[PDB]
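One chain comes next, on its own, written as structure tokens: the form deposited without the partner chain.
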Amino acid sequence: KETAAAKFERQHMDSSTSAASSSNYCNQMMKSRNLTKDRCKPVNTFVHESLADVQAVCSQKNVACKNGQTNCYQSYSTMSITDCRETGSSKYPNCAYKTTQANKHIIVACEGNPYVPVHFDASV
């Protein structure tokens, strides 16, 4: 279908912009990245840093993932991110999201060879 690494890039990377522009940023990106195609994905984070900088997190601070696995890594520094959260009124297929732009550390799960990000765990 799509490799685990390519799925993570499509769902979470937005290196083209340095930050969310408007309050309509999530509504647009969630659709263009096809995250509202069968349902409205409730939460989704987009990272505004280069792909190389995001893949480097895999060799930074090892921490437990929310599920208890230990292949999660936190960035040593803060990164520009956009948190997208479904609104209380939102109803598929008319998905509506609330956009929050912020600078935070990210936590990702990595796997493979090369060892790259395959899952977005959280923003701290």
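Shifts are known only where both forms have a C-alpha. Note that the rigid core is defined as the largest set of C-alphas that superpose within 1.5 Å between two forms. Positions refer to the first chain, counted from 1. What changes on going to the form deposited with the partner chain bound:
- Listed alone, the shifted run between these two forms is 21-23, counting only residues present in both forms whose C-alphas move 2 Å or more over at least three consecutive positions once the core is aligned.
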The other form holds:
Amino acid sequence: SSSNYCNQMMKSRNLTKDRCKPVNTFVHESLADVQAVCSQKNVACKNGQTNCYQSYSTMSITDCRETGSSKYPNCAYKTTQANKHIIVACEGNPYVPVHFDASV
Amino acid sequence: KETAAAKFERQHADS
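Return one more block: the form deposited with the partner chain bound, after the form deposited without the partner chain shown previously.
What follows is the entire complex, opening with the chain shown before.
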């Protein structure tokens, strides 16, 4: 819990207020462009279910991963910025992303 | 209370 983007956003978005979550990805794209991935390339999910979809293009993402020294209450994260294709599992009506399956 | 779609946005989207 310090000033880098991952420590700040993991806290603000209520991911580390009561636990340290090991890894989390944030996507820096407009919400509707992230929602548009549910009608893009259909692929199988890691678990073999087939409601996963891969973005046609790469998207700006930040990976946040807990360092080896992190312990609740002071969660500590390494921040890695990258542009990657995201894979999301979709459900509902409207058919929207409900889980992040990976980045590729 | 929070739907799964809402939870995905809170945890993963930073428009």
